[PDB]
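As structure tokens, one chain now follows by itself in the form deposited in one PDB entry.
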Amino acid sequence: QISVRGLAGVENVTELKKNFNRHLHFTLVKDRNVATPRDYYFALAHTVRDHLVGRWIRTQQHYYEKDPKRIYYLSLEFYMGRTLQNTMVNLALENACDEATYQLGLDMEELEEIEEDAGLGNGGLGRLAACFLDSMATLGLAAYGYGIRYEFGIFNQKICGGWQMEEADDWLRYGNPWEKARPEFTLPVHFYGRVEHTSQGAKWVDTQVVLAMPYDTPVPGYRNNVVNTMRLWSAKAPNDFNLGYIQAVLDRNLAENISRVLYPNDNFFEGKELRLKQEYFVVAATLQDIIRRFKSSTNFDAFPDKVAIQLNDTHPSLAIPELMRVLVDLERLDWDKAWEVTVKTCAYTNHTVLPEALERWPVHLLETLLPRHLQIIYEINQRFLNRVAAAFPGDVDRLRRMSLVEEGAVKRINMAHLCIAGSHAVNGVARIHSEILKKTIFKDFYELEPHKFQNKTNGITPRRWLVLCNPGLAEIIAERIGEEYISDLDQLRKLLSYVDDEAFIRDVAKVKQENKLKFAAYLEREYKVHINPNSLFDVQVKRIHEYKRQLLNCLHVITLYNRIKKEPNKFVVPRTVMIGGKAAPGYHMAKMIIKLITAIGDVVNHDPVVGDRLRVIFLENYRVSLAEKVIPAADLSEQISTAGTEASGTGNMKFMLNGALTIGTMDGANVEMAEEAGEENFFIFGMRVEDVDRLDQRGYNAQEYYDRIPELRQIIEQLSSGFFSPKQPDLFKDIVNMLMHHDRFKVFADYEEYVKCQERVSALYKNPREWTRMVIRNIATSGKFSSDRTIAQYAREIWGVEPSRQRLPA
């Protein structure tokens, strides 16, 4: 059908058909007379998987023979989504599988919808890890992703009576055809115990053992025949565990609970023992695998020449003291040599500056669970502070600020301080965020070791986030500039030469229109909801958090509603305002924001005076496969965090690539996006970081905005008085109280500028040719935001390896 989906050759199609029928019979044990759509999906998945395996074996054999430097990306989260379509894209099999299935009487798009997301992350951080794996493979790096195979990933969100309910995401129920269990490479992980000092060093004894069993998933690069590995660890009890008899067997669950469930918080730290066990479990199993692979090539001086460990936030920070433990206690290196090796091996990426998100573990927990690690952390601390004292003598307050050990009611270890001390590189995730790290929270560290601090602006893979989700757009681009842009996204700059081309303008607008129709119909079938596809699709999808300011969007929607009710016969540009995202289960205010959004919808969507001019929809169960559907259909991307809070954002970049315009603050990567496109091609509003600081110094008084802005005062009076909750008139009083007296994110301070900027959006939308021209200018300058760019920078500036676009033989 479309060129970028590859060739459908007669021999290839014939072979796929044969192998599909072979898997249906032999693998699935079904005949066509009782096979269901799910059986057909599995038969296709097994057929596609078979094309990966020769490449996977050969790639891994190649790394064994050439012995390149190996990159280990350690994360507690990998938000992979579905695999079937991405596999087909990266192996150039999409058109052939389409034709094969078509000839068998099946619709491949319907089969694709049966696959479960692999939802092993919360949002941005997990999804960045997934984009990064795709880019590392595409760039030919000998890279491994290491994590935990959660039995239950991020919960499925149901909305009942306008409230979030959570249900377990039993994603493995039907089986996962993409993973291969490797029970033969199972490794022991130790917990609790105590430390004994011999004449021969420290010994960690009387520990409880849990086994780490690996499951390997292939990670195909884009058309280069490279297939890298994501190795995820699952917890198993040893067979003598607890070994009346029946109870001892049932108690194996205590050990196996380590890998049972993903902690569903985004940007929030909960200091629970189970989470600490998860963190150590992933680090201890991974480090043994790394060392094994290093020894199979005494001499640890070469370790950092052969190994890079990238820490995805502080979550795997125990890698630093574990590496030291192994080197000092087991391999018998002297401390100073072990430390040199550790620092050269490890690098740390910071993803947040919000203080409630930073990991600070109580000492009493580490003392019980990981006594040898606590000893090592104290020794790191004393040696590090000795360096501080020599560089800034007499600066006692700096010694307290920089310590890894925080004093207080409860002593805690600051894991970010540990990561900085133990890493040769520390980076933020967008230019403004990296600057904030050097000026504020890590200022003291930057003064001590300025060379360590870098920036690596985030990106997204253009395989999943253009070719897979928006083939119509990919195709019209390819018609003009060829296909090379899919792995060299800077080539999109060539589209600036088309910005006055009438045929290109028409085709861009047509693709958006098709995507909107297809999304409007998806909504009707799966959720009984009726939208106007001619309306401006105004979309805010991301996790629910006060800093992301879904509430500011709510205030704008109400403002529009109230303006209509005041002048019902005046023309306004029709909108469908779509908001979606999950709230963490214990985050009360986030759950209340969901309820407010649905309650606004209950009023607006049923008011006959409004008609089809304004619709407010809460998109349920936002997840990677939903993002693939809604992002191509969006006109307006809402990126409206308070300046200084969103470290980068990555949703922002997905919308840009897919032909939405952005309304946003100068926060995170929005800054760089506006710089690349031109500020004239972006809807920027609100306080800059410097303005937020100026307000914090004076003191934020929300009452002043309420007193001066009558439209704002009306909304607050409606919320307080029960207008949006007539049966429970006080339902929203916690929201009102927060906005008026304890708003850390200054919602009211950006209200006026936001509403005015939204009127400029509406004005441009009335002129479709100029709207579309501005869209072309955004798509054309989105190249910087490829994760291939990001990864090449990590490779060159941090890991010391060269990317390659060269193919392995097929």
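Residues that one form lacks are left out of the comparison. We call the rigid core the largest set of C-alpha positions that still match within 1.5 Å between the two forms. Positions refer to the first chain, counted from 1. Compared with the form deposited in another entry:
With the core fitted between the two forms, just one of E675, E447, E356, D488 shows a Cα displacement of at least 2 Å, namely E356. Once both forms are overlaid on the rigid core, the distance between the two CA positions of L250 between the two forms is 2 angstroms or more. Relative to the superposed rigid core, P803 undergoes a CA displacement smaller than 2 Å between the two forms. Regions that shift between the two forms, defined as runs of three or more consecutive residues whose CA atoms all move by 2 angstroms or more after core superposition, comprise 1-11, 244-251, 354-356.
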Contents of the next structure:
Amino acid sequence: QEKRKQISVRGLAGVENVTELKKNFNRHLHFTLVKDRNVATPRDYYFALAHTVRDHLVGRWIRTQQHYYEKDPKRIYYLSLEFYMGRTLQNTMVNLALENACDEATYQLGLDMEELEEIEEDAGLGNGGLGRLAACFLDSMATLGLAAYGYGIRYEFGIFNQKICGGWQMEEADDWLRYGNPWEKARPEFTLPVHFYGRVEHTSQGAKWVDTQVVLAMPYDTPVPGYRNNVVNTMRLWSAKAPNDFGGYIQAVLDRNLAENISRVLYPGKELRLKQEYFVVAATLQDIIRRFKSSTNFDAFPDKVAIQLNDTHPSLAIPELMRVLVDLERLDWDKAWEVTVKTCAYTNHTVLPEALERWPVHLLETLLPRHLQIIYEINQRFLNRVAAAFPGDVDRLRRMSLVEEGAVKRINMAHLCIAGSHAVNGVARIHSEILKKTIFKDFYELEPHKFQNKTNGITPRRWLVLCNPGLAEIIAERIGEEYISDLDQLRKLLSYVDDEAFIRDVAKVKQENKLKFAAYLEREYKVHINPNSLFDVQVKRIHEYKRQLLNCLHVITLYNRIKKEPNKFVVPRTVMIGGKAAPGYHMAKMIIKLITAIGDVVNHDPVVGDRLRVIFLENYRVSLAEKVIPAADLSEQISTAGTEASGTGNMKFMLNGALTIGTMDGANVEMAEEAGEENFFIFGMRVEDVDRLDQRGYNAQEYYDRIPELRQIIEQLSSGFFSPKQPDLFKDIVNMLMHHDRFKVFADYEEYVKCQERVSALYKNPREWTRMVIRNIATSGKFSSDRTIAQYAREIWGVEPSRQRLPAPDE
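One more: the block was the form deposited in one PDB entry; return the form deposited in another entry.
Lone chain follows.
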């Protein structure tokens, strides 16, 4: 029909007028929300603004998907079990240049846009660095015009929010979907069945998977905009529904329950966690193939499809793809295996052979009987390749097998990912080398070409323009706007290091962010802060190996020197530690209680004054990282060498005018390599010194004997200086540090404190200090997720990035 051409996107968005944005706002508040100004809550005004912004999103979104259907590009699929999105309101505005228009429009309507900004809940879809990585990657992928989809699960309750009561961590429900979420769209049209349990019948055709229990997977779509390029991509999240039925008995009420809670909560080996993995994998694959068929010819599949496996969590995508291709599409085993390998690639984030995912076979046999078969067949054929390549070597067969013999039979999912992917990558340079050298050496020796590095990276949008507009603003002045999408050219700033106007500017922006963050702290927890002090922050997930305990040791040392001679001048410091502990982890809960207790002693001690403060930062998450990171002077990256694969907080601090004190570990190695060892506070044992120390054996008592400061704090700790109501409250923190300290806190102590004195020394000197910050920021370019993604694109997926601004919308 010729008349149907009038059903169009063209006349719709019009433009971004202050008159238009006001119009749509009143329209969304009244027609979409069914409120008016007499009953509107700040939440309702937030929602109205979100909807007014979404309209500009969806317009660019329809056009992008139309573009992809026209152009049939290679489709890239990023599978993650977490997506640490944070907030969307401000990110959408900067990416669509709606920034000032909305600001003005909100002002004319008589509301503070910022008030509305703070009402938005952090997306309850992610947990740690892994989830943040995927969020940065999605932003980069859209910004470089790749046809990319993020696939995962829509958790209703995320992972808890953290309250601190009397120094103790408590966990509450993150009910972030309470009032709904303006950003997502339900797609009941595309609901897909997912199967579980049942049994396999080996009949004439091939294998049939019958008598299964069905869970429905309904998708919700979220737009992911690029940086002012008008390309909008999709995040498709699966939500679980049980089918509706009518039988003499309703014992199958559990059905409904254990079907629903696949989409209820993140973790943490529950049978549940495996159901989550299968669920996301099964729906996503049916969806991919469906989209492939709407161009049957599976030879071109690897030319039109790329599937990334973020860790082993989505590892069942390999047997699943094999299952569909062989059982359903009637393809023969060899041809389908070829398609699978060339389609899939695997990213490892782990440095120890302990974190790596294994599942008992009795589990797989019960819920995924067909997949267990395919896994066995994959194993026998792979072990053939091995036996031909290394005839004789029996030990190799067993070391490389997907099946693992022990007290209990297990499938090693990392060995599955490696056998079924064309590329495997580590996430930082030293990390990828350890993978080759130790963790996966047998596979590397079989297939050297398969193993790559792709150093991690951060998005300059959220982590520079969004969170630090002041700093983005003073840079643009010297070099232009282009760096935002090409971070490599912050290098230009290396000319302005002896320029005086820039030094005072870079120093002014920092102090200002320190002021604004000092204010936000007061206006919530009643906690006095000298905004002139060095801002010492360690924001990480609380673990023994992350070594916030080494931080504590330095803090108490510093406090002791203030008590010994209250008259020696000392560089003032606010020490801020934040991060969630895993429920269960008894040691992490104790570390928090300790930090809060130190604070209680030092922050109320009259002699100390304002020269030293210790604050735990409650409920650390993206939107809070956005606040503290631009406010920091000193970035604590103090993990034992060897324990970090990369890190990411890493790069955020460096991009934001903070100097680093850290170990030669993870991506610090590469950061120090960009800034120059001299523009970095590197200290403590190296990866080689650790290996040396486990060889001759680590006795923590022979550091304890030679250092009277360490001896003193241990005493204060044991006698109950920090818990006068419960002296023995910290006994098992001491026990560990002394007897089973697997992470060598006492070792690195000597050098850590010296290094801290060099820090304090340099900070006495504002100009020199700022000149060092500059040399860090300038040289922060390699760590853009734009660079990371360009490498994934050319080196693994086989697609070319493009920064061409798509036409649209009202064209």
